[PDB]
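Participant: Build out the structure end to end from the sequences listed, making use of the hints.
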Amino acid sequence: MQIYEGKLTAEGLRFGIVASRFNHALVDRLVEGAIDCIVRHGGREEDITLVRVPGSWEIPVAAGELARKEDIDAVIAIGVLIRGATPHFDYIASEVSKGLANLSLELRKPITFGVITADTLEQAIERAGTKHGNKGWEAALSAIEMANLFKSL
Amino acid sequence: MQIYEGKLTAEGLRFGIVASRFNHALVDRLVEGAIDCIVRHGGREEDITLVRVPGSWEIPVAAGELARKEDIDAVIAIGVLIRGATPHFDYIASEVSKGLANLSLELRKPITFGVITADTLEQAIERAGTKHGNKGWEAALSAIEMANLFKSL
Amino acid sequence: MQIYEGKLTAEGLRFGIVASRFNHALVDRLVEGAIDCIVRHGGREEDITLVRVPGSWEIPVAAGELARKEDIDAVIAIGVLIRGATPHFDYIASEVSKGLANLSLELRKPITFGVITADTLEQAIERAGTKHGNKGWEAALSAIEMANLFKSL
Amino acid sequence: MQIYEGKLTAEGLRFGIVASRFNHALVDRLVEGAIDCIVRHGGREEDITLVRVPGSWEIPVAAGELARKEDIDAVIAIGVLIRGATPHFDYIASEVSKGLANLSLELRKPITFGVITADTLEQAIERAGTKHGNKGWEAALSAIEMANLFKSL
Amino acid sequence: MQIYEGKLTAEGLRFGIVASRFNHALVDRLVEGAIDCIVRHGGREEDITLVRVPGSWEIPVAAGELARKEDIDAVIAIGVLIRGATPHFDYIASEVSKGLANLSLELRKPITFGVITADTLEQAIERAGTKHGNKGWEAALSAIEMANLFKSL
Amino acid sequence: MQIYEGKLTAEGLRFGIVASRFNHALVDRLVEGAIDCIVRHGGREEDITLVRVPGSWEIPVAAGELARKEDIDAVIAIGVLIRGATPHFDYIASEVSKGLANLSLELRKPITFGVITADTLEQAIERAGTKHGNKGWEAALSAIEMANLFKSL
Amino acid sequence: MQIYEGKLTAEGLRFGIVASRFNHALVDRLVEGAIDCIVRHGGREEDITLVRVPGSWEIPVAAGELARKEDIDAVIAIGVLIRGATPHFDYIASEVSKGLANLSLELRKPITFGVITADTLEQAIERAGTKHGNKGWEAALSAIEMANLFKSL
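Protein chains in written order, with PDB author numbering: chain A, 1 to 153; chain B, 1 to 153; chain C, 1 to 153; chain D, 1 to 153; chain E, 1 to 153; chain F, 1 to 153; chain G, 1 to 153.
Any given hint could turn out to be false.
[Stated by the list, open to error] DSS-like cross-link-like pairs, simulated, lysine-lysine; straight-line CA separation at most 27 Å:
| id | chain 1 | residue 1 | chain 2 | residue 2 |
| --- | --- | --- | --- | --- |
| 1 | C | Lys7 | B | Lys69 |
| 2 | E | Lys69 | F | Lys131 |
| 3 | E | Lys151 | B | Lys7 |
| 4 | E | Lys98 | F | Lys131 |
Quick caveat, the hints were computed from the structure, so don't treat them as lab data.
Facilitator: Okay, structure coming up:
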């Protein structure tokens, strides 16, 4: 049986990060987490491209631009959505997830999902570098593995 | 690390606004907000194109026409949906959000989401220039940032 | 500021109507409403093409055929869905709305949504020419405005 | 006014049926119903192609193959989904409906929806040839009408 | 009618920020927000003076020193007060607000109020770069507008 | 960006303390705390001036006298108010806080607020050298920082 | 400021694992997790020594033997304790944790704690490669970081 898997070393890999600015007190923790993951797994900070966008709605169109670059091996999408009083959250979360998933398939390049979709502020804090870990770190680790997998093929 | 971001100056930028007429007592406040944002950030009113459509359902097909214009840097979609008695709201909100998101990716051009999707009339009033701000102003600010980002690249 | 809008005169405009037969006691009121709107706004009955399909599920594939005709300026989709005992309603309503929205964007031609999606029979009667108006009339008015807008461009 | 409609005679029409095997005690009643409808409306049993697939998930990819055949006028999709204990039902029902709807538009050929999506076993029995009729018969009747409509054009 | 208003460009403007150290995990987010606002609206980071004081009580006397500088166009006061168990919060909040308001009138120079006065820790987190925005960003935007207004006169 | 801050060394600094005698069993702990803070941060006990007044009402007029001395760098106001049965507490607390805040601005000299305003005796004990620290120590630390800041300017 | 940290590459590192046999259906998942972590971070499976002991009580005395080996850089202790009906769990959990902590300090070598101490079977399953991750993987990652840190010094 032929087995393909990605290792977790980031030596030589080039990453794009697209990070939204809304809820920046939490998003900044996710970006720190993603960068720390890449560097301590052997990636170069110089090989990271970071794109900032205003809100999660804008992540896919920016991710589309990064994922089309030949010198980017994987894109990490980072943002924080917290449900408010209206149905707005539902529509944004659906379109951000759908757009990133569709781009990955269209461009045949890994795009990992480091977007917190929380019902409450507490849940978002828990997942941005406190008790339930750091979703930016997790999305970076997924991107390292997938970039390595795609090299193997 | 390469960082790309958009500044908030609108000098030289050209914008399209697509605004639905339904719930016009509120939509007109969102359009006022978007225009005020553009002008006080240094954009020219002469560089704004405004398209009026009957309802939110028609926003995407009109946005498609504006976003295909070479002299438009970003499109701001503006409308107000308020849940009624039937499931109708759900289907309209889903298709408007999906269509705008898909167009942005297909055309590789920022389209920002200034459509209120409210459960109640009060929630819509709150987001159309009262206690929870002005979603038209917010969508214009997002469009300025994204137009600048896309120039940087 | 450049402003584009559609007027509400239907002189010279050519329309397609796709109407489902299920719930025909109500759909026939919506079709009457759409035709009345077109004619009293100055359209010619001779410039209307009406396509009948069995149920709402079949509206998009028929609308696709009409919207591809060069001599059709706008398509009005008409039907009535009323929730039954199973989840069936949800799947049909989602696909009909998604298909019409997608066709409008693909073909760059207005397709208006005159499909009632009701939780109860009473709600459907209310929207088919009684206390909450006539959704066929409303969809025709939207189609007149959009056809005029698209001429202006 | 130009009116296009399909009659309910099946003389000369060729049909594909794609039927899932899961819940076969009920699906077999739907297939019987579809075939009976075609034959007693004047279709030839020899002009029916039946494709069996394991579950509803597999209906769209098989329907894609049949609907691409030049000698097939319409495809009838037949299956039975009954909600279980997990969210699984929701994901399968959504993808089966979305896939069939998308295929019909892409291939410009009628594909009718004879898939029961039931919350309970009783609801499925009711719609597979007992008190609420036979959804296979209904989907075949819809396919006859649409095949005739598409000839008219 | 003579209309005076401030635009939102910060080119050439010089700002003072007075920021308290108490609740620094949140105040540091407000200061980041204020600086980001100034810079992305075209201000120079070199034209910002930041004064740190121990607690909100000390903000006015420090703001008095900055607002008396001829090369400062506007002062942004930043701090976070969260109600504790005693009446202490009431007395501090009253004196900080009164002192800043009085200084602005005495010196005829804009001083904007970026001090969170929260009943709970959650409310303060919400307003320091999470779900209810960033009060430091808001106070900086107000200071840009007022500095521009005062130039116009 | 120009940053001004005060360090926490008290070498060379001269302080005034104004301490009320009412609730002296607790005020004496606050005065001990303030003096300990100054001395262990490097201040000389010989450089402290202590003024005793009968009650918190009299603190501002005495603080006015100390803060006008050229050889005083900062004044620490110390007292304990505990709510009694009447509205009296409210009026005293308001005037003491208002007077100290106003004096600091008028004289452009730091005056720090080491006055406990407690609803209960227990709350006052907690803040006078037990479980919630020592407000006299805290006010002295604030005065050291502000005296150093004002030197820097 | 001198900063010491460990990277997450395991190239060249040699590890000991001590794994208890009680609750082996879960412990075997933790051991799989630890080994997978080491290998995909670049460690050699040949550089792992695995010691099996009967129960968690016996982990420290075996860990003592491994941690005294000059060719072992870090020890990973793996086991699963689930509270039963008596106080037994408390005494075992206390002694296993105390013994491992004491050994690490005595031998000045990292020993990481991959022992689940669960109140219920469900909690243990959650932490042995299901919804709350894999504590063996986590303990191995900690051991890689600490082995690298200790090299740096």
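Participant: Next, verify each hint and record whether it holds.
Facilitator: Consistency of the hints with the structure:
no. : hint                  : in the structure
1   : C:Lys7 with B:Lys69   : 23 Å, holds
2   : E:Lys69 with F:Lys131 : 42 Å, violated
3   : E:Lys151 with B:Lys7  : 23 Å, holds
4   : E:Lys98 with F:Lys131 : 31 Å, violated
The earlier numbered hints that this structure contradicts are 2, 4.
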